[PDB]
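Colleague: Chain by chain, the residues:
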Amino acid sequence: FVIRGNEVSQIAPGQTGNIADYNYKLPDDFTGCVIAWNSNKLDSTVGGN
Amino acid sequence: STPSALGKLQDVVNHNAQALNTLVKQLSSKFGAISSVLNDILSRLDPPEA
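Residue numbers (full-length UniProt numbering), protein chains in the order written: chain A, 400 to 448; chain B, 940 to 989.
Calculated directly from the structure, the hints in this document are not laboratory data.
Cβ coordinates follow ideal geometry from the N, Cα and C atoms, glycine included.
Do not rely on the hints blindly, as some may be mistaken.
Said to hold, decoys possible - Sample of chain A residues at the chain B side, in silico, Cβ under 10 Å: (1) 413; (2) 415; (3) 431; (4) 435; (5) 442; (6) 443.
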């Protein structure tokens, strides 16, 4: 998906938050990885994406 | 008359009952945890830290 950069703390394994409760809940025992990189080059517009 | 004639059995009873009392006191203990009731920990703390 595409999210805000500062919201990574909200997608921590077993984290609780408004997006973590109503958008995408990661499991408390998540056994994997997360790779995040800036997408302002393609997923951002001057008029507001 | 004498209060120490039955000392051994009274000591046994005291030891057992007070071991149980020590247990229930451990129930009201922390061991570094915030509180002594699990429901309180769940209510005040988020599940990742609870």
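Colleague: Now tell me if each hint is right for this structure.
Modeller: To see whether the hints hold, each was checked on the structure:
1. For residue 413 (chain A), the shortest C-beta to C-beta distance to chain B is roughly 4 Å, which falls under 10 Å, so the interface hint holds.
2. About 5 Å separates the beta-carbon of residue 415 (chain A) from the nearest beta-carbon of chain B, less than 10 Å, and the hint is met.
3. With its C-beta approaching chain B no nearer than about 17 Å, residue 431 (chain A) sits outside the 10 Å limit, and its interface hint is violated.
4. Taking 10 Å as the C-beta contact cut-off toward chain B, the hint placing residue 435 (chain A) at the interface is violated, the least distance being around 20 Å.
5. Restraint check, residue 442 (chain A) versus chain B: the minimum CB separation of about 29 Å is more than 10 Å; hint violated.
6. Checking residue 443 (chain A) against chain B: minimum C-beta separation of about 31 Å lies over 10 Å; hint violated.
Consistency note: the structure conflicts with the earlier hints numbered 3, 4, 5 and 6.
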